[PDB]
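Here you get one chain, nothing else, as structure tokens; it is the form deposited without the RNA.
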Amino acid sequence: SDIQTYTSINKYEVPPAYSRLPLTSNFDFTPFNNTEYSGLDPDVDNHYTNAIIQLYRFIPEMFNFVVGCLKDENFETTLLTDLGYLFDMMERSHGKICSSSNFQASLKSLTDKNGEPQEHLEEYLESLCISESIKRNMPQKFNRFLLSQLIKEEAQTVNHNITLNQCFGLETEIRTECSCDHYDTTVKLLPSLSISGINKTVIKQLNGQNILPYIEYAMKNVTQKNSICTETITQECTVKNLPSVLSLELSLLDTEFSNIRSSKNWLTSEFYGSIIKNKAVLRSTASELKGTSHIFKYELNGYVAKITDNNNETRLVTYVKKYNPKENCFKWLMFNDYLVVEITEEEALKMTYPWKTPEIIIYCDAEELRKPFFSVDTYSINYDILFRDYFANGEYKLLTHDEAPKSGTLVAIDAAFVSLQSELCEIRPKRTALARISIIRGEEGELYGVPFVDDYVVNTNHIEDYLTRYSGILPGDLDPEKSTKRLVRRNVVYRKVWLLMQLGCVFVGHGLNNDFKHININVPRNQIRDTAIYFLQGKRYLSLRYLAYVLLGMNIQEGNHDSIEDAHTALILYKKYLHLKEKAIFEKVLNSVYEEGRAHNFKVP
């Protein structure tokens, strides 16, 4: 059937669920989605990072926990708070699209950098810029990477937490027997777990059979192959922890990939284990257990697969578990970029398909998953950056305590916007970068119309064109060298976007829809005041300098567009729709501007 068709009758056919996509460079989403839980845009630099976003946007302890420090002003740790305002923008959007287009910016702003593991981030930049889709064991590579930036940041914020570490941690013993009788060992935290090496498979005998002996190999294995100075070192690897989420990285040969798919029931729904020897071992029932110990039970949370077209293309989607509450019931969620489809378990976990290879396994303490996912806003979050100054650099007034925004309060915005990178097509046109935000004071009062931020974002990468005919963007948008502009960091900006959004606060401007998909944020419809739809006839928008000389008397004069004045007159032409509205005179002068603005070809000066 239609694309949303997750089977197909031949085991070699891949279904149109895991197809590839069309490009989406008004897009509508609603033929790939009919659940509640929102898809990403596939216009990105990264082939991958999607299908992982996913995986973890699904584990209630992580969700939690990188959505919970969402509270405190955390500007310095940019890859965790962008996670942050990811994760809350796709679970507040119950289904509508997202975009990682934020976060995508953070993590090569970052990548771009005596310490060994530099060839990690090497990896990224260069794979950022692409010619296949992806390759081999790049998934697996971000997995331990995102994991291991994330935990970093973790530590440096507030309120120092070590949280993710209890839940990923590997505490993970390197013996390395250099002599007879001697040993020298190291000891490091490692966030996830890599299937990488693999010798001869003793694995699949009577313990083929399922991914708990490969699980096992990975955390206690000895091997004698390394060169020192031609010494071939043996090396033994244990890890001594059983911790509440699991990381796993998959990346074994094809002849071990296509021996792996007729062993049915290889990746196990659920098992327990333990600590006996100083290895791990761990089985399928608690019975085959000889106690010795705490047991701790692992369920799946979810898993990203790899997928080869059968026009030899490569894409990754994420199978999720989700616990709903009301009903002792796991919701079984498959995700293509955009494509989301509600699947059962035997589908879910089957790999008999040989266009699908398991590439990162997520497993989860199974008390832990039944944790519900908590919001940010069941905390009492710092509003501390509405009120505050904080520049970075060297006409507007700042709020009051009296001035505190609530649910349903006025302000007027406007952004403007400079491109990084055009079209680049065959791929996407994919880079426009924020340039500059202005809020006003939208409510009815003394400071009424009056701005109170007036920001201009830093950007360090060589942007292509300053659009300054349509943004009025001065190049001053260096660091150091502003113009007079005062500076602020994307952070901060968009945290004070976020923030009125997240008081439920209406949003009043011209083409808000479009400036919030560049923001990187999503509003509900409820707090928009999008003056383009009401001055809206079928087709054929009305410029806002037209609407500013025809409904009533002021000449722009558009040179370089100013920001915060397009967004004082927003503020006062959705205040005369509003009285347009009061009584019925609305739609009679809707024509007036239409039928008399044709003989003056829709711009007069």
The other form holds:
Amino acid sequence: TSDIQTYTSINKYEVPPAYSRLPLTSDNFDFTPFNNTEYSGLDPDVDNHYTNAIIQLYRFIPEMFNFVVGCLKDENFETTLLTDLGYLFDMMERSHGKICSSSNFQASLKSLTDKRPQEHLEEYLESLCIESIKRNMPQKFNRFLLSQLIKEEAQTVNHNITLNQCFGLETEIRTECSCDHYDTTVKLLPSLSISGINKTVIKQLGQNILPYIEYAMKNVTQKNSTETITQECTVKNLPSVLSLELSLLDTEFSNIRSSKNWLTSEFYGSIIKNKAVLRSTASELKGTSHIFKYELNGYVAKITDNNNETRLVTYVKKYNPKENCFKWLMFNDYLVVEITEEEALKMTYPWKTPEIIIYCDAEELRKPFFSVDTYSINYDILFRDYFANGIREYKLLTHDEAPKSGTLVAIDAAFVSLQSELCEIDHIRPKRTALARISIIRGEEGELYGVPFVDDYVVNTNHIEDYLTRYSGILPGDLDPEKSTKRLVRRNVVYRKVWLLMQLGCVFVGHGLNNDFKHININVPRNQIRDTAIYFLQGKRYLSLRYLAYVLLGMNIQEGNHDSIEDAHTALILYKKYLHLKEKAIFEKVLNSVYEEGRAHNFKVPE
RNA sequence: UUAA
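What I would like now is the form deposited with the RNA bound, since the data block earlier showed the form deposited without the RNA; can you produce it?
Let us now look at the entire complex, which starts with that chain.
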């Protein structure tokens, strides 16, 4: 419990506590003993054992980070995986340690794998079991993500090419079918797979990682199919970053452990011939034309437990602009601890093998990370309508209603149940719940007060198991064509509406909204929210909303199918009642009125 | 117990 952020043990065989199976989070779980850094970690309550480590590997690429968050200025709804990654990236940067969930992104991943070298998606739709990770499944996802990001990067607004320009490896595929006759394809590949290697020089110059990259960039094999065709692969490109998918054998995997300093912090290299080998900045360059220097930016290692469980962790380097320095971080699921370079590169530990190494251009690893509000954003969907249904007495916004930093308006959202506890395997944990409706009403004092402006039902094609409108207000017609007299729209657009609001600094009021933000998968700052459940709180025993609608003023909002519209309305005018009682000196004089009167009334009065 |  106490010393779990210890990331080393004196025995090469004992796995340090920082690398082992964290306790499940499944209710006010306090994360401060697990992360003292200003860099958030990710909630492990997801379907995928492996993607968590990879997202962290990617968040600290300055060049890919700055792009994925960058495209959030514009409204890119159809490219689900890239803008949801952007919402996640923007989330992690601003939480500054606060726990993050990748739930939204994981839903978009499973969304497109369930849609149809198509064999990539089918294999990656092992979202369902996840021995918790199998061999080469991380590298399979590293390729899948980079591939399906670049495909989506062509469908932006003002279509950009940036990710290809840095993960683009021009692979010449020359298949010598006959003699004096060879066919060649040239494919742009996002990652470089170091896989399936035969008897290979590993001993002489020396035992470092560099030759392994060399073979994967210049090699031609004598195995195919009744022909046994021999085929040529070489890359005429040294891109800004190099995502290496390491995939070896366990025999080859413990020899590499014993060669000390097997990785390389920084390497330099160019292409002299149409082959490619790089030196160790030992200036062994036989000829010279444009030179490139690469430092290691991060990598994802697989941890085999002392109890023989498996997880993935992420080592990362980040440069500081106030002083020339490299800080190295390791990311267990929500365990984030700052460690020294020496321990971050060491591979002598048998329980640790590398799976996805990435190298990055030196001059642009030392490039800063830029917020999305470094740019200026399209806020249009706040003042427009984007409905996917045929088609709620609400009125839309007007440009004189430009929400500024501090606009107090009320929010309430409802969700539905898809999969239950699904537990007792290691107690497995409750996983699935998806949101369906969300309403934001005007709470700025004026002619337009208490008036809703967004009341949007969310599309959902997935299987519903419990609808439960005694608490949700969802008519079963939550599928896109058969609109339940409702304005159904995609999940991505109304996330943007909420995101834009907290991004500029609106103040949200409502009842237990941190729970609501947990389900819409967003993090609002502590000071940008007025929770009536926290204001009228007596240390415990969170009071109802129907009770206080009845016991603090005259409405009776109980026993009706909960209508997100008016529960946000009820929450709005209560935060104003809390304000009249706080401006006067009767705060606790009125606080002790009703939970004293409710204890003799069992906290439930006639409706 | 809000929350659902």
